[PDB]
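Trainee: Throw the hints in and build the complete structure from the sequences for me.
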Amino acid sequence: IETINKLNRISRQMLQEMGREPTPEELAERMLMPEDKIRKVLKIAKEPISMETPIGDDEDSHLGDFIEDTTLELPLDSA
Amino acid sequence: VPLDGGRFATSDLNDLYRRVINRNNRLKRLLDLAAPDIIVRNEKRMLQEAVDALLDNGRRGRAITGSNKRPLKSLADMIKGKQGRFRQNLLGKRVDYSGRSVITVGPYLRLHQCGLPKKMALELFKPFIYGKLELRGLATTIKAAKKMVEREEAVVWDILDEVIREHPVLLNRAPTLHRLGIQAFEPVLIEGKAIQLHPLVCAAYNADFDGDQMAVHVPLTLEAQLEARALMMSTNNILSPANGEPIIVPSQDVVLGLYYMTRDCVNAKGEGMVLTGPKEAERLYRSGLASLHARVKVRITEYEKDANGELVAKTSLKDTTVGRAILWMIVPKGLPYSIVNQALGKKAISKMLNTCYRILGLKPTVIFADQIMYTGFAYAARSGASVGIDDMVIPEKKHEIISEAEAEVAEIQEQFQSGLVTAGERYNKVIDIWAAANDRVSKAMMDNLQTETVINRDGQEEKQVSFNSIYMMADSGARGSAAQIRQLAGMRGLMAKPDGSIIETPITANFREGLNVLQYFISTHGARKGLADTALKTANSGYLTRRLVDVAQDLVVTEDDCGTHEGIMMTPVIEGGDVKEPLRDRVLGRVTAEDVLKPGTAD
Amino acid sequence: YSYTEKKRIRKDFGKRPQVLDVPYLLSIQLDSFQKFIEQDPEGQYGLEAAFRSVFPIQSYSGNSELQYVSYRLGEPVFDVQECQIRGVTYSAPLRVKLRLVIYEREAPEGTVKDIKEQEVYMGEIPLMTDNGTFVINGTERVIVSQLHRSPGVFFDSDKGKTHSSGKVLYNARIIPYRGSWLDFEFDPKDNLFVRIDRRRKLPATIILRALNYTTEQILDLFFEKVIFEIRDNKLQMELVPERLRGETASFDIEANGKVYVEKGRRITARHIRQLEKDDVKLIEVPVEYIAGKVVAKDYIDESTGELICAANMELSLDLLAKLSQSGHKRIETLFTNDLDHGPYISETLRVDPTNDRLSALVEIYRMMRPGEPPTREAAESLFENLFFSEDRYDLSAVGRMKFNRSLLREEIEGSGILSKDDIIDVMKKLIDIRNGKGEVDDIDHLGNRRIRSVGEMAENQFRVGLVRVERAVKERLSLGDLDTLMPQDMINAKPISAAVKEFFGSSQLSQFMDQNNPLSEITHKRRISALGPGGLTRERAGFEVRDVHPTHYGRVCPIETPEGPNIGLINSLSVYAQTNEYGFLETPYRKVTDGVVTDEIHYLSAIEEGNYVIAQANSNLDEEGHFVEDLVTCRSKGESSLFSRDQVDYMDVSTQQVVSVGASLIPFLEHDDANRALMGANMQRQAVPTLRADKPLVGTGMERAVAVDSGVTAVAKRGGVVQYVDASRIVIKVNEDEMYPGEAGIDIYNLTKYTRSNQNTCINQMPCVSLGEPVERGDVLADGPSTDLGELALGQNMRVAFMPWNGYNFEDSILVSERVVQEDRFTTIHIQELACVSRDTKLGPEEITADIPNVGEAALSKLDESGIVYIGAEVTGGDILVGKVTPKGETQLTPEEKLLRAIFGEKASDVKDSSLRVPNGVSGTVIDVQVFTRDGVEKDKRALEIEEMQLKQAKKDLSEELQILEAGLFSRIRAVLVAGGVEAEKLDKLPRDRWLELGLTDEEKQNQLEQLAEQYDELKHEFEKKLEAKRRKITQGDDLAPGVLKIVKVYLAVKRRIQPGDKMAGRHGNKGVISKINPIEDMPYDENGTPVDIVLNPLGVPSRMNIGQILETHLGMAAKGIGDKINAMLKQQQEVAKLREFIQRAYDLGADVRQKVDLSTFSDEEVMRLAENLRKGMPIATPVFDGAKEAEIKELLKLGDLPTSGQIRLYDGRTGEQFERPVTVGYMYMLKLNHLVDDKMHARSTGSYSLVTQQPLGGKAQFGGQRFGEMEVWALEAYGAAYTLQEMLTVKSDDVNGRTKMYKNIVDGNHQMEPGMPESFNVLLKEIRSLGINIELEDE
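Residue numbers (full-length UniProt numbering), protein chains in the order written: chain A, 457 to 535; chain B, 253 to 855; chain C, 3 to 1342.
Incorrect hints may have been included.
[As the list claims (entries may be wrong)] Below are the DSS-like pairs computed for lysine-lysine, each with C-alpha atoms no more than 25 angstroms apart in a straight line:
| # | chain 1 | residue 1 | chain 2 | residue 2 |
| --- | --- | --- | --- | --- |
| 1 | B | 399 | C | 1196 |
| 2 | B | 650 | C | 941 |
| 3 | A | 499 | C | 941 |
| 4 | C | 1078 | B | 445 |
| 5 | A | 502 | C | 844 |
| 6 | B | 371 | B | 334 |
| 7 | B | 334 | C | 439 |
| 8 | C | 1262 | B | 445 |
| 9 | C | 593 | C | 161 |
| 10 | C | 639 | B | 749 |
| 11 | A | 499 | C | 1242 |
| 12 | C | 1306 | B | 399 |
| 13 | B | 371 | C | 1242 |
| 14 | C | 161 | B | 749 |
[Unchecked claim] Just some of the chain B residues that point at chain C, by a computed CB distance under 8 angstroms:
| # | residue |
| --- | --- |
| 15 | 330 |
| 16 | 333 |
| 17 | 335 |
| 18 | 342 |
| 19 | 444 |
Think of the hints as simulated: they come from the structure by calculation, not from any bench. All residues carry an ideal CB built from backbone N, CA and C; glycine is no exception.
Mentor: Here's what the structure looks like:
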C-alpha cells in the first residue's frame, strides 16, 4: 500500500514537469528499483468492477448476462 | 470471477456481507474492554442499519451507494419486479433448439407448409443426423460424422430430407396476443436465408412484410409433435374461439381478381350466344374469342340433398358471365350456382367459406380456399391493373362551390361585425356550411367516379360501373374508403387542434392540386397525435392483460352437468336504434335453463 | 458560373426568386467550441469566466492567495490520423500562469513578502475537427445540443386537483442556473404557502420576518389603505370612489347632504361617476360600519404603554371608544374586496405562529436539517448562503434579463444572486394574477426554452473540477511554510482531466458518429434532444411537450423524429436557423415597406413575431411595385387569416424554412401525407453507399450543398492547375494570384483509400478530374463514397412497373430481375475487424510463431514463419490468421485415453494453442494488417518487416513531397546562376553541381554565393529535420495496458450483394421486402423489346397516400425520353449545332423559370463533354413547394415523343400475351438499407450457458438462444398442451441431467424424455432461506 502511495505522489510531480504521464523506467530509476516490480504493482492495483454494472447504455442489459460457465461439461464430449 | 483481461468482477452483495463481519468482531473488541456504552450504542445502530441495507437497501431510509455513485442490490431485488428471478429466469426463459429470421412470401404453397433456409435446420437437426449416420455406418462415431457435416456432402442433404419428413416444426411471431400467434407447420426448404410463409395467416399474426422477423422452435420429443400435428396445426385452427368467424379472409389481391373476373360489363364481345359447359368457355377465353365479363346463357350442373346425405344430381341452364362459369369448376359438389352471379366482394367470399364449413366441414373448405388464392392471383395478373394521375378525377364543380362558401362566410363576418350573432353562433354556422360543402363535393366526385361508363355496345347508351382501378379497389373492399378517396380528389374536410378543439377555416385543396405550407404544417400535429397514442395503447393492454390472466389462471372444467337449477335470462338489445344483436344469435351455442316453449303454447 | 456546373447542369422548375443563399450547415458547433476555447478580454464566455469566478483563492484565513493571470493552449503531439490509428485520443495540452501572493498579516498589508510566478500544467483537452467531430481512442464521436427550460421565473395554475373544489390553484417558481429552488403557491383555502427545493409546504411571511421586516412594513407595502376618522361623535372616512365597483351597498351610501345609493342596491358606474365628479372624499357613516375591518397596525393609548390593539386584529366598538379616549382621531386600515383586492396575505398572517426573526430562521434550519438543535449563526449563514452567496447560487444572466422582462423593468443586468425587491415584486404579481390581472405563460413557447451547446457543458465540468481542487488548496495554504511553498505543488491535475474525459466518452451524449452516409453525419450533428441532465424523462413526460407548438415554424422541422417512444423529444433543426447570443432561436424574415418588400432581412426570435404580422412565400409579388391583391395569407399571435397590403410588416423569404434537410430533398412532398414523409426521411439514413455512385435524376437543389459541407470529400482551397495525378492521390500547383510570396506555393491532397467505418462499411475517395486542367477555389477535386461530381447520391435509379404478379408482391413486397445482380449495381462492400493479443501470465508469456502442434500444415502454408498470413489472401471460417500459444500446466487423465497413448505414445508438449481463427460462416479477403508493440520490447522479424516497410513507404511519401518541394526551389538555381554574366550553353552540358566555382564577378555575385550557400545548407537542414523527426516518431513503441506485450490487428473485407429477404425502399415511405428474383425472360417487356427491372404492387397508394412516387415515375421516364434521344444523335454523329439548338430548346422549355442558359458562350468542346455526360439522362431539380406541375411533364413528353399519360402497353413474357389494359411505367430512385438478411439471421442447437442460473444465453455473435416469454405459455396451455412446455422449461433451459441424457438418447435413435427440476427454483429457495425462512418440501 505504502509503495503505491509513494509511487503516485512521485508520478504527480513527474507529470507536472514532463507535461505528460511518466514512463515506468524513468520514475522507477528515480525510485531506485527495477521495472519488474513496478509493472507488477501496476498489474495488481486496480479494484473489481461490480457484476451488475450496465454495459447496456440503458437498462436493457447487465454485465452478468454476457459471461459463460467455462468450467462445467459438454454433452458431445460425454458421449 | 475474472474475465480474459484479468480483472475480477464482484457481486456487490459481497460488500454487504464483509462490512457486517468486521463490525461484529469490532464490537467484540470493545466488549472485551467494557468501554463506555456510548460507542457501544452507536455501533449497535450501525449494525442494525447494515443488516437493513443487506436485506433491503432502499427501504429504511438513507440508501447506500458504492464506488459507482449507484445504489446496491439487496437480496429482495433479485425477487422484485421484472429484473427478479420470477419473470426473468423462472418464466421468461432463453431456449436451445431455436432460431429466427426474416419472413417473406410463399404463394405456391399449401397452407400446412412453410419456407425454410437449409443451414438453419441443418444445425438444428444435427444430433439426429449424427445418430442415424452411426446407424448407417458412414460415420463410425461422432467426430467423423461432425466432420462430414462440416464437409457438406450430398448424402448429408439426402439424410436431412429424410428426417424432415414427418418431423414437424413450430413458429412464433413477436408478440403473442391471441393463441393463434403460433401455429405448427411442416417444413419445405429454400436456397435462401429467409422464410417463405403462406399469406392468408398474416392477419392471424398481423404481420406485414416490411421488415418483420419471426422465430422457430422445434417439437423434439414424441408427444410434442403429436400435439402439434393435432392442435396448433393451421388446418385444425381456422375459427376464432373468441367469435365463430374464420381467419381465412382472402385479403386484397385474390379478392381483386375475383371481382375483376365476375363482372357485368358488356363491352368486349361474345354477347348473346350459348355453350354446353364451362370447359369450352375457358377454352375460348384462352383462344381470345370472348371476355370473362360478358353475359351469356349456358349449361350448369349442380348437386344438393336434404336426403340422408345422398346428393341430388341436377342440371339446367343459367344466364351468366364466363368467368363465373370457370369459377364453378372447383366447387365440391354441394353448393348451387346461386352463390356466384354476384360481383364478389369480401363478405361474399367469407360467406362461401362459412357455407362450405357448415355443410361439408374442413378438408373441402381448405381445398376450396387454396384454389381461391391461386385463381385470384393468376387472373388478377392477366388484368393489367395500375394507377396513374388521370385515374384521379377533379370535378370541375370544385371552384364555384368554394366561391359560394367564401361569400357566405364573408356575409356572416359582416354580421358578427355588426354584433348580432355571437362567437358560438358564427362558429356553429361556419362549421355547418363547410361540412355541407364537403358533402356536396364528395357527392359530385363519387357521381363522377362510379358508373360514368357510356360504352355503346349492341345498344346506344347504357350506364354500368366504372372500369377505373381505384373504384374497383373501393367496392371490392380490399383497400380504400370513401373518405380516403375523397381525400385524394376532394379536399381534406377539416382537422383539429391537438386539444380536441378545432379550426374555423378549413382546408381547400387536395394532394393532386398540391398542398401549401400551412396546410401541411397543420396536418402535422394531427398525424403526430395519431401515431403518438398509437405508440402506447400496448402498455395498458399488456398490463391489464396480465391482471386478467392472473385472476383466471386457475379455473378449468371438471364436470359435465352441475345438476343445478336455472340462472340467467337473456333478452335483445333493440333500444337506441333498430336491433343490434338478436336474442336469436347470442343464445346460439348456449344451453336451456328450463322447460320453455312457443307463444303457440304447449310446444 | 463554375466548372463542375459546366460539366453537367441540373434543371430547375423553381420560379420563386431567391434572395438568400443557404448558409454553412453546421456553423453552430464550430462557433460554440470556438468561443469556449478562444480568449476573451471582457465579454466573458469560456474558460476566463470560470477562472475569474473561482479565482483568486486566499488561504484558509487570508495570509496567502493565488492570482490567476492567463492561459495557453499547446500544440498537440500527434496529428489526427495516427491518433485514429493508435487507438488514442486527439488533444492539446493546457498551461496556466499563477502567482503566489503572501502579505504580512502580522503587519496590516505587508504584501511585498514573497511572490512566485510559476506556470502550471493541468489537463489535456480534446479538439474539434474542421468538420465538427471530436475523437477518442480512434472513434469519431459526437455530442448533441440539448434543449431545456430556461432560467428565471415562471407562473402557472392547476385546474383544481381538489376537483371537489373544481377551482384554480395558482403557483409560481424560480429557477437559477445553479443552486436552490423556491415554490410559491395558493392552497384552496385562500392562503399563501412556500417551499424550498420541494420540501414541505410552509407559509410565506416567515421569510419576511426572517429578512428583518416588521408587520407594519409588510402591510404598508402590500395593501392600499382604508382610513377612518372620528371627531368625538361620529365616523367619517375617505373613500377612493372606484371601491364600490361590482358591489352592493351596506348602509345608505350617501353624499354629504344627499343620498347616492340606498341599501341592498347596486352601486352603478354612475354613482361612482358622480362621486368622482363631486370631488368628495369625506363621507359620514355609522360607527358599526367598522365591524369587519382589520387594524393596520397597533395604535395604543401611548400615555399608558399598553396594547389596546394588536396589529392584524379585527376591529370592535369597545376598542373603538377605548382608542377614542387615547387621543387618536383615526387608525388607518385596509381595503378588502374579494372581486378585485385579495387579502390572502393578511389571513395568512393571522396563522403566522411567529413574531420574531429568530423563530422563523429556526423553522427554516429545522426543515432543512431535522433532528439537530438550533444555533443562530448556523441558520443565519444558511439562509444567506442559499440565496446571497455568489458561490452557491447563480442565474447565468439570461435568467437575469428575462426576469427583468417578466417584471416589466427597464434594466437588463445585475448578478446571479438575489435582492429582496425582486421577491416582493414576484409575490405581488402572483397575487395580482390571482385577482385575475395579467396572464399565465406556457412552457412550449420557445421564448421560454433554451438550447445548451457544447462549450457550456465543457465550462461546467471544468469548473467543478476546479472546485474539487480548491477544497484541497484551502486545506493546504495557511498550514505549512509560506515562503518555500511553491504555487505548483499545491495542485493535483487528475480531477479536471478526469471529469472532462469521462464526459467526453461516458455520458449519454457522446455517441458514435454514424458513417452510413453524409446525410447521417450532418443530421446527427444538427440534432436536438431534451434528455439527460437538467432535462426530461419519458415517465416524467406526457403529450403536450411531445406535440407541436405554433412557434416551431421556421426554427424546427415538425416531421423528422422517430417512431419509438422517442417521438417528440428529439427534434432535428430547420435550415436557415440561427441561435441567439443569449441562446434562443431566431429565423430570417424579409421586411415590408409601404407594400414594398425591403430586400434586406432580419433575424427574429420566438417572441417579437408574436407581436408582428407576417406573410408567406407563395405571395405572387407584382414585380418590384406592390403586391397584387388586397387579401393576403398572413399570421400573427399563433393563427392565420387574410389581411391587407399596407397593414403588413414582414414577409418570409423562401419556401423551405420550416423543414429539415432530410425532409427537403424529397421532391413532390407537397402531394404527400405527413406521416409517410416522416417515415421516408427517417428511412433515408439507414442506407448504404453503393459500389458505384449512380445519381438521382430528379432532385431539389440542396444536394451539392450537403455533399460539400459534410467535408467527406476533398475540395480546393486555392485555384490553380494540376501537376500530377494518381489513384492514391493528386498533386496541384497554385497560380500567382493566390500566391503567398515566401512559399514554394503548391497545395497537395492525399486521399483516403479503403477504410473501416464505425458501422463496418467501405470508405473511399476518387478523383473526378483530369490532367493539365485549370481550377478555381471551392471546386471539388474528388468524390467521396456516395457522391458524383459533387452531387449527393445514395441509391440508384431503376425501371419499374405497377401491377400484381402471381402473388409475389402480395403485401408491399418486391420482385426483381437477375439483370441487376449481374450488373452488381446494388452490390456493397463491408469491412470487418479482428484482433489477437499477446500477454504475460502466471507462468510465461503467450508466444506467437507459425510452428504449433496438432496443426493442419496446409493452414501453416498460408503463414510466414512468424505465424502470420500474407496480403491478398482469401479466407473462410475455421481457417487461421495467427498462431498463438500459451504456457501449460499439467494434465490429469482417464484410463481409456491413457491406454490409447500407451498404444501410440505421442503426447502434447508443455504448451497449448490459443490461435485466432475466422468465425463460423464468415469469409472474405485480407487487405491489411497492423501491429502495436510496447516500448523497449524487441520488434520481431515481421514487426521489422512492417516497420521498415512503413518507414520506406513514409520516407517515400516524404521523398515525393520534399523532392517536388526542393525541385520547385531549384527554379532559383537556373535563372539565378545563368545570371551574373552568362555561360549558358557552356553551363548546361556540364554537371549541375560544379557551377558555383566558375568565373567570378562583382560583389553581388558573392552575395549570390552566400545566399545559395545558405540555400544548400537549408537543403540538408530540411532533410535532417523532417526525416529524422518522423523516423523516430515511427520507430518507437506504444502506450498500452499492463499484462500485454503486443497485439495484432486485421482489417479484411467482403463484397456483399443481394439476396432475398433484404430490405429496400424509396423516398416516400414506400418500404419493401424482396420476395424473389426472376430471370429476364419471364418478366414483362414493351413492344419495342426493352424488358423491365423490378415490379411492385399498386394497392399501397390510396391506403398510404404515398402519392408523389408515381408522379416521380412519370417524370423519370421523361428524363431519358431526352437522354436516350441524345445518344442516337451522339453516334448518328451528325453535328454540334444540331444538338446545341436541341438542348438549348430543352432548358428553355419551361414557361417562366428563373435560371437561364446561353450557349453561344461555350466552346464546342464543353458542349460535347456535357452531352457525353447527359447521354444517360437529363437530371432535374424540383423544389419542394416551388415545384413543377403535370402540365410541364406532359409538354416535355410531347417533346420526348412519348405518351401524355405514362400509360403504355405491355406483354407477358412467360406466355407472350398482352395485358388487358395499359400500365404506368418510368424510372424511380430506390435504395437499400442497413437491415441485411445475414445481419439478422441466427440459429442454435447447443453450446454455452450462464453460470449463476445455467440457462442458455442470448446474442447472435455470442451464440444466442431464443427467448420464450410468459405470453407464449398462456397460448400453449390455452391449446391444452402440457408435454411441450414441460420439456421446454425443464431441459432446453435449466435441467442438466435431462439435457445430457436426452442428447445421448436421441443420438441413439430414441425420442424420449427424462425431466428433472430446474436450478433456478432451488436458487429461489436458498435466497429466501437467507432471510430466516424455514421453507421446505412435504413428502407425499
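Trainee: Does each hint fit the structure? Answer for all of them.
Mentor: Here's how the hints hold up against the structure:
Among the hinted pairs, residue 399/B with residue 1196/C is inconsistent with the structure: their alpha-carbon atoms are about 66 angstroms apart, more than 25 angstroms. Annotation: proposed proximity of residue 650/B to residue 941/C is violated, straight-line Cα distance about 84 angstroms (limit 25 angstroms). For the given pair, residue 499/A sits about 23 angstroms from residue 941/C by alpha-carbon distance, which is consistent with the 25 angstroms threshold. At most 25 angstroms may separate the alpha-carbon atoms for a hinted pair to count; residue 1078/C and residue 445/B meet this at roughly 12 angstroms.
Note on residue 502/A and residue 844/C: the hinted pairing holds, with a Cα-Cα distance of about 17 angstroms set against a maximum of 25 angstroms. Under the criterion of a C-alpha separation no larger than 25 angstroms, the hint pairing residue 371/B with residue 334/B is inconsistent with the structure, at around 35 angstroms. For a cut-off of 25 angstroms, the pair hint linking residue 334/B to residue 439/C is broken: about 51 angstroms separates their Cα positions. Restraint check for residue 1262/C and residue 445/B: the C-alpha separation of about 15 angstroms stays at or below 25 angstroms, so the hint holds.
Only pairs whose Cα atoms come within 25 angstroms are accepted, and residue 593/C paired with residue 161/C is rejected, the gap being roughly 42 angstroms. For the proposed pair residue 639/C and residue 749/B, the alpha carbon gap of about 15 angstroms is at most 25 angstroms, so the pair holds. Our distance criterion of 25 angstroms between C-alpha atoms is broken by residue 499/A and residue 1242/C, whose separation comes to about 40 angstroms. A hinted pair counts as satisfied when its Cα atoms are at most 25 angstroms apart, and residue 1306/C with residue 399/B qualifies at roughly 18 angstroms.
Under the criterion of a C-alpha separation no larger than 25 angstroms, the hint pairing residue 371/B with residue 1242/C is consistent with the structure, at around 14 angstroms. With a C-alpha separation of about 20 angstroms, the suggested pair residue 161/C and residue 749/B falls inside the 25 angstroms cut-off, and the hint holds. Below 8 angstroms, beta-carbon pairs count as interface contacts, and residue 330/B has one with chain C at about 6 angstroms; its hint therefore holds. Given the 8 angstroms rule on beta carbons, the hint for residue 333/B is violated: about 14 angstroms separates it from the nearest Cβ of chain C.
The beta carbon of residue 335/B is not positioned within 8 angstroms of any beta carbon in chain C (closest approach about 13 angstroms), and the interface hint is therefore violated. Taking 8 angstroms as the C-beta cut-off, the interface hint given for residue 342/B holds, the closest approach to chain C being about 5 angstroms. Taken as an interface hint, residue 444/B checks out: its beta carbon lies about 5 angstroms from the nearest beta carbon of chain C, inside 8 angstroms.
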